[PDB]
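Enquirer: Below, each chain spelled out in residue letters.
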Amino acid sequence: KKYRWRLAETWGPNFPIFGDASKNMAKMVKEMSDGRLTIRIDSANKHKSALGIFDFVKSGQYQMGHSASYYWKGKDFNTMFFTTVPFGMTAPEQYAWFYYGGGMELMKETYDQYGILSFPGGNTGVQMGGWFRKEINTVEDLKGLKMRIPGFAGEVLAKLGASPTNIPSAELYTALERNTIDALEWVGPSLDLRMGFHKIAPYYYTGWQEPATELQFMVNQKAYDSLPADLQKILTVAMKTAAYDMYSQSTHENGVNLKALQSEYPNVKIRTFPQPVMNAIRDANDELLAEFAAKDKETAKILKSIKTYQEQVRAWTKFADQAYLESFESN
Amino acid sequence: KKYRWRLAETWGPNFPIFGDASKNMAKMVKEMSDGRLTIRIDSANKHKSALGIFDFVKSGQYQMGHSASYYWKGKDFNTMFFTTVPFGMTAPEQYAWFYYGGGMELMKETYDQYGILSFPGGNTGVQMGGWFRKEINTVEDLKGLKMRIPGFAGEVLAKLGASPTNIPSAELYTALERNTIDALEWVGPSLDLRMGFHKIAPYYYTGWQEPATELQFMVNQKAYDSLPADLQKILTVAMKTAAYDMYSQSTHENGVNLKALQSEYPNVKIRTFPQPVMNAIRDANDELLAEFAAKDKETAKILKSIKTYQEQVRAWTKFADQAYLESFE
Ligand code: NA
Ligand code: NA
Numbered sequence: 002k003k004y005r006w007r008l009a010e011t012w013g014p015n016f017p018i019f020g021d022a023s024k025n026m027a028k029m030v031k032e033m034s035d036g037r038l039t040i041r042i043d044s045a046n047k048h049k050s051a052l053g054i055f056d057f058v059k060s061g062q063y064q065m066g067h068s069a070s071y072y073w074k075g076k077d078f079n080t081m082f083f084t085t086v087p088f089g090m091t092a093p094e095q096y097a098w099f100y101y102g103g104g105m106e107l108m109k110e111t112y113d114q115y116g117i118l119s120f121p122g123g124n125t126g127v128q129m130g131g132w133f134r135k136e137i138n139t140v141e142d143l144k145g146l147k148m149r150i151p152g153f154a155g156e157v158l159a160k161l162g163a164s165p166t167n168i169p170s171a172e173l174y175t176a177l178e179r180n181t182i183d184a185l186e187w188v189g190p191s192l193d194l195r196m197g198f199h200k201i202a203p204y205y206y207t208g209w210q211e212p213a214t215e216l217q218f219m220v221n222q223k224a225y226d227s228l229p230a231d232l233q234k235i236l237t238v239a240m241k242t243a244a245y246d247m248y249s250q251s252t253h254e255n256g257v258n259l260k261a262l263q264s265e266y267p268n269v270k271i272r273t274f275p276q277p278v279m280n281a282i283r284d285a286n287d288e289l290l291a292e293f294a295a296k297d298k299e300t301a302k303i304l305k306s307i308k309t310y311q312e313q314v315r316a317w318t319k320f321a322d323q324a325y326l327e328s329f330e331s332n
Numbered sequence: 003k004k005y006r007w008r009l010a011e012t013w014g015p016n017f018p019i020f021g022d023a024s025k026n027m028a029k030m031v032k033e034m035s036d037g038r039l040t041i042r043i044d045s046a047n048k049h050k051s052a053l054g055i056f057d058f059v060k061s062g063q064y065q066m067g068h069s070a071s072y073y074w075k076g077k078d079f080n081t082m083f084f085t086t087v088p089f090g091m092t093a094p095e096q097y098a099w100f101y102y103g104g105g106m107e108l109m110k111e112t113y114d115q116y117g118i119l120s121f122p123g124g125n126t127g128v129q130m131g132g133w134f135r136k137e138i139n140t141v142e143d144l145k146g147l148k149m150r151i152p153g154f155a156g157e158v159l160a161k162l163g164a165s166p167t168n169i170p171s172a173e174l175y176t177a178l179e180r181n182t183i184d185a186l187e188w189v190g191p192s193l194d195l196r197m198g199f200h201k202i203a204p205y206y207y208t209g210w211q212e213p214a215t216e217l218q219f220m221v222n223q224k225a226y227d228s229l230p231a232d233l234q235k236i237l238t239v240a241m242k243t244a245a246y247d248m249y250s251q252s253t254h255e256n257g258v259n260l261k262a263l264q265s266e267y268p269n270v271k272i273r274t275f276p277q278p279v280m281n282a283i284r285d286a287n288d289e290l291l292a293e294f295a296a297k298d299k300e301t302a303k304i305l306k307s308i309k310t311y312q313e314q315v316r317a318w319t320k321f322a323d324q325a326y327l328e329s330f331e
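Residue numbers (this note's numbering), protein chains in the order written: chain H, 2 to 332; chain B, 3 to 331.
Rather than coming from a laboratory, the hints here were simulated on the basis of the structure.
Hints may contain errors.
[As the list claims (entries may be wrong)] Listed next, the in silico EDC-like pairs over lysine to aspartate or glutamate satisfying Cα-Cα at most 20 angstroms (straight line):
hint, chain 1, residue 1, chain 2, residue 2
1, H, 234, B, 57
2, H, 28, B, 33
3, H, 59, H, 110
4, H, 234, B, 36
5, H, 319, B, 328
6, B, 32, H, 110
7, B, 309, B, 288
8, H, 31, B, 331
9, H, 260, B, 313
10, H, 305, B, 331
[Unchecked claim] One-sided and incomplete, this derived list gives chain H residues near chain B with beta-carbon spacing under 7 angstroms:
hint, residue
11, 4
12, 33
13, 39
14, 97
15, 238
16, 250
17, 252
18, 284
19, 287
20, 317
21, 321
22, 325
23, 326
24, 330
The beta carbon of each residue, even a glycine, is placed where N, CA and C say it ideally should be.
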């Protein structure tokens with residue numbers, strides 16, 4: 002008659018934006034449910050397994066998790082494509098895909114076999130390319146590069162001879178400080194500056210690899226089923242709402258912090274990969290997508306949905322948003 | 003105790019996207035509250051007053067409404083700025099403004115004095131510039147032009163010599179047909195084609211004047227306060243959610259319908275106002291913004307907040323999203 006659930010999240014405690022999304026979700030559920038369902042959150046400082054969230058929720062040890070789908074590529078490579086993909090969709094496009102273009106259904110197709118329900122957990126919007134010790138001037142500079150980079154982008158850089166890793170949010174600055182890694186990408190101005198990377202890595206590259214990173218709420222299938230229908234709805238709605246508000250917050254904080262970056266950080270050197278490097282990355286991505294499609298029918302089905310939907314909705318984005326933003330004045 | 007409410011909407015019945023947003027909200031409230039709060043929706047065919055929604059809600063004749071804030075230009079000029087503004091913010095920028103940048107609070111400053119609570123009610127995304135009988139090649143061509151065009155955009159057109167109006171959704175075609183107006187804007191590919199404008203006015207201009215139209219839920223203050231706190235939250239969350247989903251839906255359907263537009267409506271001729279005309283519209287909007295700000299301290303404050311927040315958030319949009327889109331193609 003009264004439910005007490007626990008949520009495990011990848012992030013350190015009191016982590017802004019990402020931790021706000023899980024917090025906001027839990028507060029809404031309590032408030033809408035007059036306390037019938039309440040959700041206590043354990044961050045990485047507590048459960049000490051930032052990348053164990055999938056297992057926590059699969060087993061039922063936590064009813065819920067907040068994390069990112071593409072962290073679970075080991076469990077199932079198809080988990081990569083429900084977060085974001087290189088050269089993929091923007092957040093408005095991707096939210097359309099999830100809720101109106103078949104994405105939610107495809108995600109369930111992957112996650113049902115684990116007894117996990119996955120839901121969008123909040124979008125960062127467009128991400129940066131990351132923080133580097135040394136500039137990337139040629140493809141050869143990626144060879145043996147120790148870079149923290151998750152998801153399919155990680156796969157792509159491995160294909161080009163890099164040495165990618167997935168170090169979780171709270172340990173990133175330390176890994177770079179000790180030279181465990183020599184480059185990293187995290188998110189963008191909204192979180193990267195308070196996390197301190199610029200102190201060690203002067204070069205801040207523009208992105209390509211995460212155009213709209215969607216985080217993930219995960220729910221144990223049995224816990225969800227243990228709920229009455231009205232609370233089930235409160236839960237799913239609160240997650241969707243928290244996810245959307247996080248994109249709003251990320252956009253807000255990116256505005257605040259790009260501004261700080263263009264005035265309070267004279268030693269940050271904003272850079273873009275040279276075109277020959279982008280062409281090489283683009284080709285490796287396209288080739289690797291083909292490989293992944295050819296080797297599994299479900300992978301092939303997801304990538305075809307992503308590609309097809311992007312082609313349709315991007316034409317509108319180009320026609321509308323992009324043209325609006327590119328508009329100028331002569332004279 | 004059970005709460006049985008009514009919502010009045012501006013739109014006709016089974017109106018795609020806009021009407022989906024109000025139904026989604028009502029359905030969410032019913033399901034989350036296990037029937038404790040249910041909301042019957044009355045469309046314009048039933049209450050017969052498409053632009054009577056403000057007064058319906060103010061009076062409490064209806065507990066709620068779904069409409070757009072800039073229709074109430076005549077009851078308070080400041081209501082225009084909580085829908086969208088010419089050369090203004092995109093939807094992701096504006097949601098950030100509403101929820102994290104002070105927009106909600108500013109909107110409440112305006113609506114509180116009418117016993118109404120106003121909330122974001124769904125964004126269309128970027129709108130087209132409208133449907134025209136004749137191409138617009140010079141500023142001159144706007145002079146005398148009778149056009150249906152709402153909100154602050156109408157005021158920019160009037161300043162350049164056009165004659166704006168605001169007719170309800172339902173009689174635009176007829177008004178176009180009987181040469182009452184010679185041009186109009188409505189929304190975009192998601193909703194425009196089914197209205198039939200293209201049969202009479204084949205030139206379809208790209209936009210500038212409604213970069214991110216946010217619809218509006220209104221709630222009677224007394225009605226809102228009659229609710230216990232958990233149903234109040236269910237209600238506010240439902241509106242917020244329905245609003246965000248409508249932007250996702252609008253994006254989806256804009257994509258679907260743009261793809262089909264060339265094939266299925268070969269007589270539509272896509273156009274963009276000439277650069278000298280845009281320069282003039284731009285100057286005109288800049289001028290009117292100053293003029294409107296000088297008339298009223300609250301207006302100046304609303305406009306200063308939008309200007310300031312947009313400057314900050316657009317810098318990001320250009321640095322990130324636009325650069326990314328231009329990086330392909
Ligand atoms: Na990232
Ligand atoms: Na419009």
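Enquirer: For every hint, state whether the structure bears it out.
Expert: Now the hints, each set against the structure:
no., hint, verdict
1, H/234 to B/57, "33 angstroms, violated"
2, H/28 to B/33, "19 angstroms, holds"
3, H/59 to H/110, "15 angstroms, holds"
4, H/234 to B/36, "10 angstroms, holds"
5, H/319 to B/328, "9 angstroms, holds"
6, B/32 to H/110, "29 angstroms, violated"
7, B/309 to B/288, "11 angstroms, holds"
8, H/31 to B/331, "46 angstroms, violated"
9, H/260 to B/313, "10 angstroms, holds"
10, H/305 to B/331, "19 angstroms, holds"
11, 4, "15 angstroms, violated"
12, 33, "5 angstroms, holds"
13, 39, "13 angstroms, violated"
14, 97, "4 angstroms, holds"
15, 238, "6 angstroms, holds"
16, 250, "6 angstroms, holds"
17, 252, "4 angstroms, holds"
18, 284, "14 angstroms, violated"
19, 287, "13 angstroms, violated"
20, 317, "4 angstroms, holds"
21, 321, "4 angstroms, holds"
22, 325, "5 angstroms, holds"
23, 326, "5 angstroms, holds"
24, 330, "5 angstroms, holds"
When each numbered hint is compared with the structure, violations occur for hints 1, 6, 8, 11, 13, 18, 19.
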